[PDB]
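Protein chains: 2
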Amino acid sequence: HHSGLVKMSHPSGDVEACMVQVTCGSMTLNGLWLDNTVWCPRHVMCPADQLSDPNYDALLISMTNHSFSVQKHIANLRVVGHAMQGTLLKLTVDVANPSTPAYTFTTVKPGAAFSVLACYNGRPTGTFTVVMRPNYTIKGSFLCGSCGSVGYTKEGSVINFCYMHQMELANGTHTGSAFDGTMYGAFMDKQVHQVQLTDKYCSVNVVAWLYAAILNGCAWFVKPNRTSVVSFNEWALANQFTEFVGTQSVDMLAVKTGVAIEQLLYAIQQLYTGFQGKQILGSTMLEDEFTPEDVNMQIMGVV
Amino acid sequence: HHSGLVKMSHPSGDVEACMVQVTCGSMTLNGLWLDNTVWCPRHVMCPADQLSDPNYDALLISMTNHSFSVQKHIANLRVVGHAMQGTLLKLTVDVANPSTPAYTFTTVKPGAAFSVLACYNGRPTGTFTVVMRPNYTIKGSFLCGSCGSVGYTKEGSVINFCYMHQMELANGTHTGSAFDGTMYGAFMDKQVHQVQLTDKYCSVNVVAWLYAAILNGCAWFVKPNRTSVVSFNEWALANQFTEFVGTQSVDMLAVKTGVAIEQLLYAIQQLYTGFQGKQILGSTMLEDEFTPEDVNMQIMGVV
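For the protein sequence lines, the chains are A and A', in the order given. A prime marks a further copy of an entry chain.
Positions -1 to 72, 76 to 304 (the entry's author numbering) are the ones given, in order, by the first sequence.
Positions -1 to 72, 76 to 304 (the entry's author numbering) are the ones given, in order, by the second sequence.
Treat the hints with care, as some may be off.
Since the list can't tell identical chains apart, any single copy or any two copies may satisfy a pair.
Unchecked claim - Straight-line alpha carbon distances no greater than 20 Å define the calculated EDC-like cross-link-like pairs of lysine to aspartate or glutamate that follow:
1) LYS201 - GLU169
2) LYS191 - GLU169
3) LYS155 - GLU14
4) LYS140 - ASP200
I should point out that these hints are in silico values taken from the structure, not numbers from a laboratory.
With these hints in hand, go ahead and build the complete structure from the sequences.
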């Protein structure tokens, strides 16, 4: 039986119309064009043999407006101002993007899902959805030249930009910047080995998945036994789970299914030790890549 | 270690600009507007209490051009001709879609991947990628009002439309039409319980996944033992696997990794009996949702 759950992305058209190519010297990557501003990773300024431990403040001083070439592929956009904010550049260009959507900047939290538009040379090439991991990486799909690819969520017609791609870590995961220029997590935009926090199971998303299973008639793991949020969270800290924080979206799943959160918190504690040969929605391990919102939207049609 | 593999869709913007709402009586679903033609499922003609065993030929005769209301949401499009081709309608409208992309119609084969633009009331709402299963269903995410949602592949700038959504089967999977109006598989567009062929593991995609694992340093399952294609295919028929047919994309993975297809065919035969507590790219079961092309593109950057 298929759960009706897929990795679903927002339609990407609004964001495709904002993607540009930025070139500075022998470096080329993607930028995001909104109003009269082009956002891009600051390491576009950096020569290759300096990518490890660059001095970006000196690089910035060395640049003029004419150092930066911005091209749209579907136009040259003339740069008329340049600034550095954290790990991003803010380039001011003479033409406002006539396809600028309604947008905000936001910061995405661990366990939360967002859509990524993967781009190369200013050209959108694919889209996918990821969850921000508890160690502030994402399990994405990015190659050389993908920096400046953007992540976003959507509420209504409004695009909430939350991620600009910067780097691949040694374990194959990825990280980037928020649009205030901070990197997610404790990462720096330098090509040096960095410590990676350990990842954890996102407990709220495992709960959501267990509810999706119940909504598909799969409930063998539901017992009357219960674990308090407080008790579960103490356990979580000792077993590489995030602490659980309920939301209105989780509450809706509890109401529709008639199964209490605390019953599924107990179930997780038991399922963690093992599935004993049974499966849940085709899986023999806990799944934390689907959010309560995904389950409410894709299975129940609920906002 | 993360494989660098995600469920990747094409950017959807070209296709979003082709989506419309079609209404006929008290039925509303999505249509695809290309040139002067709007394609949509023929059951838009059907009243609710006739959805099981409708007589579409009579319904068609009963309709005039004015029976059909086509609306774009981002315009009313006046219908000036109507025809039925298999399980689709072809509506001719007075205005050619000025955003019509370069396109073809094609039929997608089992194991092959395509992108879906899920739409409601003519409004694109999400995108995801699926593989056509060996029993001509897809494991999608579709609700009431999603019919007329389209699937497609892309080569260059050319969009190859391959799927228009029609129905959900009892096991939660989905099926639809090709744009010649045939349903995939042996399904009919009637709301009656229908037999479903049994599904099978897509052997070529499991091979691709095993190569992805090797490309990520995970090769404990590779032995010098080998199984011929011919021998494997006899086995496959007895164990709910598709018969394996190699391609240039699989050959490229063999060359890059230095592991022969026949070594991985042997591995599959053994791994099918069990993983014995080991994992492959985080999984304890065979994965057939990634194609040789996905692996070549996402991991190696190869066309």
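Evaluation of the provided hints:
1. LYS201 - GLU169: Answer is within: at 19 Å inside a copy they meet the 20 Å cutoff, but 35 Å across does not.
2. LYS191 - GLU169: Within. Shortest intra-copy distance 11 Å satisfies the 20 Å Cα cut-off; inter-copy 49 Å does not.
3. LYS155 - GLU14: Close inside one copy (14 Å) and across copies (16 Å); limit 20 Å.
4. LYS140 - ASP200: within (11 Å within a copy, 29 Å between copies)
Every hint from the earlier list agrees with this structure, and none is contradicted.
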